[PDB]
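2 protein chains.
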Amino acid sequence: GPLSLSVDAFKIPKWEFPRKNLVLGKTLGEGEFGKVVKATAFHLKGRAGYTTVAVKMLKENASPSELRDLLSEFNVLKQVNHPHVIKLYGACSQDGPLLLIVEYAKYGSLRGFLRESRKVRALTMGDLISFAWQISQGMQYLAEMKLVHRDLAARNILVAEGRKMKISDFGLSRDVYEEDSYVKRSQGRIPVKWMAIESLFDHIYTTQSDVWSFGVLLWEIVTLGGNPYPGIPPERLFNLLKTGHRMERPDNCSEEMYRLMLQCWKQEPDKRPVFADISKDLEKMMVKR
Amino acid sequence: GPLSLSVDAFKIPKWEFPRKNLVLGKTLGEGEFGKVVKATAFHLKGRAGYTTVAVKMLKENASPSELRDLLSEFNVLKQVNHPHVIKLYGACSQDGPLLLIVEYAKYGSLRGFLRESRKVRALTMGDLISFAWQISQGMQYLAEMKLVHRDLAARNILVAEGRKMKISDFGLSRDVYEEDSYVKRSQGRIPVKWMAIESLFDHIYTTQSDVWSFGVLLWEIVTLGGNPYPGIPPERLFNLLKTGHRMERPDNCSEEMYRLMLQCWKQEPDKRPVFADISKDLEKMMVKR
Ligand SMILES: Nc1ncnc2c1ncn2[C@@H]1O[C@H](COP(=O)(O)O)[C@@H](O)[C@H]1O
Ligand SMILES: Nc1ncnc2c1ncn2[C@@H]1O[C@H](COP(=O)(O)O)[C@@H](O)[C@H]1O
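Keeping their order, the protein sequence lines are chains A and A'. A prime marks a further copy of an entry chain.
For the first sequence, the residue numbers in the authors' numbering are 700 to 711, 715 to 822, 844 to 1012.
For the second sequence, the residue numbers in the authors' numbering are 700 to 711, 715 to 822, 844 to 1012.
Source of the hints: derived by calculation from the structure; they are not laboratory data.
Treat the hints with caution; some may be incorrect.
Identical copies carry no separate label here, and so any pair may be met within one copy or between two of them.
[To be verified] Quick list of in silico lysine-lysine cross-link-like pairs, BS3-like style, CA-CA up to 27 Å:
| hint | residue 1 | residue 2 |
| --- | --- | --- |
| 1 | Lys780 | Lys989 |
| 2 | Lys710 | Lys1007 |
| 3 | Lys965 | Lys710 |
| 4 | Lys808 | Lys989 |
| 5 | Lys761 | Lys965 |
| 6 | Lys994 | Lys789 |
| 7 | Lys1011 | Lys747 |
| 8 | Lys907 | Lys994 |
| 9 | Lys869 | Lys994 |
| 10 | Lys761 | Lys907 |
| 11 | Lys728 | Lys761 |
| 12 | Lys761 | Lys737 |
| 13 | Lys722 | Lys821 |
| 14 | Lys808 | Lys821 |
| 15 | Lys989 | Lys747 |
| 16 | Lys808 | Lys737 |
| 17 | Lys989 | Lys887 |
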């Protein structure tokens, strides 16, 4: 089937890194299909000595779906280059488990980062605006590359040296040059509280649904890593969304900032801003303190 | 789409149990889509007082796929009744998260049970034969009900009072009355080292692929919860299987018992035994000590 084809195609070099020059350490976390360890790499891509890196691999008892997801992420990270997208350095596919070697972000996920802090780490409203703007810059680049990310959420943004945002977790990202949408027949593996209404009901993914997710991500940033639709079971989402309900304005959120989330949540996909608009909105709030 | 339909259909009574008569306790474990807690239920289905039960629910940030899986398991457990299939008592769908209330197996999963023991808990070869035979009895009942389980593995068999086997985890089970196969277009969410060769390559599931999985389950029992194809990455499975390689005879395994696993692993699905044969084989080994 499609996977045995990919696996053989794959197994039969700008990117291959020798296993014996990689040393694995502590677990940094598990996503939906991969597990990430901290690692160090010897003589990696022209850098002398060791370089601290992160490594993605399959978990115990990986399913065909997870393997496909990992090969997919690999295939996306090859094409992609932007100071706010996590950077890929190589892979080991030749004599052990499949491993992806990516850029190490020292502060971990944005969720964890935000949950460890408070608002006056002490973060200003400016820092949060700055975080949202960086991610938005990255999204505009991907939307231009014609890639739908699909899984935009605070747990999937990493925080690197300098508090730089890195968009992460490309297992579920899809190419949309041809038709400007990705449509998936069976049920998506993306959490329901981050999905656009039309992805939920109709299985349609576009850059405009990434904007929806970004809106939820904004809610996460502004609340310092709160849980969306708190206390509401995911199954109530169908009806609550289609009857026009949205999350209430959170505390420590200006009128203009809440207007931007509501706008990312418009039922009609074409009424939502594009990432360039979102970027221009956050810049404007930044400069007005 | 198909899910919003199910969720509404569902939300709009032999099985409904009042939430306020259920009290939740410690986590017992997480599967691929659900999380299970220990629980106690007041006045459950004609039983006076409290009854210790297990409860399945959605994890944090459940995806449409996981929700569908949970509704599916619910829909299967309603139809099913056998002393070696986990028993369903009710659900709470009316004013909180969706919860399935099932029979509590006090020894947990068979994997954990077996890994905690040694071979002379001290378990005889007879006890292991007895375990395999019970599971096989349950599988014959399901195959007769025209249900493909799909996810047969030691982690998905529970051990109840009296060391009774209970087949568990019905999220992925499918009806096959009409056509005697379940075929899934996209990539399965079942671990690759338990899948039949034709499920791996061609996405075909039948009672005969359940037999394949059972063969792997037998390997797990006989090794006291060993890890299949140890040290071999799941992605090498395509080629290793299609070139006719299988797991070597493990230690503490008779010739006749190893013959039964190889037979469950025959490339051609029609050359594998049916569960009734498997049952008759294990009975025969039992009685010859
Ligand atoms: N490059 C990285 N550097 C540090 N931690 C990471 C990195 N990639 C992933 N992680 C951690 O592991 C988790 C799972 O990653 P993922 O499987 O890509 O969603 C993340 O939420 C982070 O906690
Ligand atoms: N009825 C039950 N009684 C005790 N433990 C259970 C029960 N159902 C599930 N578990 C535990 O939770 C794990 C996940 O269950 P599942 O999500 O059905 O695969 C199992 O592997 C067991 O460790």
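So, going through the hints one by one against the coordinates:
{"no.": "1", "hint": "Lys780 x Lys989", "in the structure": "neither (33 Å within a copy, 40 Å between copies)"}
{"no.": "2", "hint": "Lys710 x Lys1007", "in the structure": "neither (49 Å within a copy, 45 Å between copies)"}
{"no.": "3", "hint": "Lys965 x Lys710", "in the structure": "between (46 Å within a copy, 16 Å between copies)"}
{"no.": "4", "hint": "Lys808 x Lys989", "in the structure": "neither (35 Å within a copy, 49 Å between copies)"}
{"no.": "5", "hint": "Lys761 x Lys965", "in the structure": "between (37 Å within a copy, 24 Å between copies)"}
{"no.": "6", "hint": "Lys994 x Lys789", "in the structure": "neither (33 Å within a copy, 49 Å between copies)"}
{"no.": "7", "hint": "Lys1011 x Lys747", "in the structure": "neither (43 Å within a copy, 63 Å between copies)"}
{"no.": "8", "hint": "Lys907 x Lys994", "in the structure": "within (23 Å within a copy, 36 Å between copies)"}
{"no.": "9", "hint": "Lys869 x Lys994", "in the structure": "within (20 Å within a copy, 49 Å between copies)"}
{"no.": "10", "hint": "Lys761 x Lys907", "in the structure": "both (25 Å within a copy, 23 Å between copies)"}
{"no.": "11", "hint": "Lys728 x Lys761", "in the structure": "both (14 Å within a copy, 25 Å between copies)"}
{"no.": "12", "hint": "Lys761 x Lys737", "in the structure": "both (6 Å within a copy, 18 Å between copies)"}
{"no.": "13", "hint": "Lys722 x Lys821", "in the structure": "neither (45 Å within a copy, 38 Å between copies)"}
{"no.": "14", "hint": "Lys808 x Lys821", "in the structure": "within (21 Å within a copy, 47 Å between copies)"}
{"no.": "15", "hint": "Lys989 x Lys747", "in the structure": "neither (45 Å within a copy, 46 Å between copies)"}
{"no.": "16", "hint": "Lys808 x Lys737", "in the structure": "within (17 Å within a copy, 31 Å between copies)"}
{"no.": "17", "hint": "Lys989 x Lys887", "in the structure": "neither (29 Å within a copy, 54 Å between copies)"}
Checked against the numbered hints above, the structure violates hints 1, 2, 4, 6, 7, 13, 15 and 17; every other hint is satisfied.
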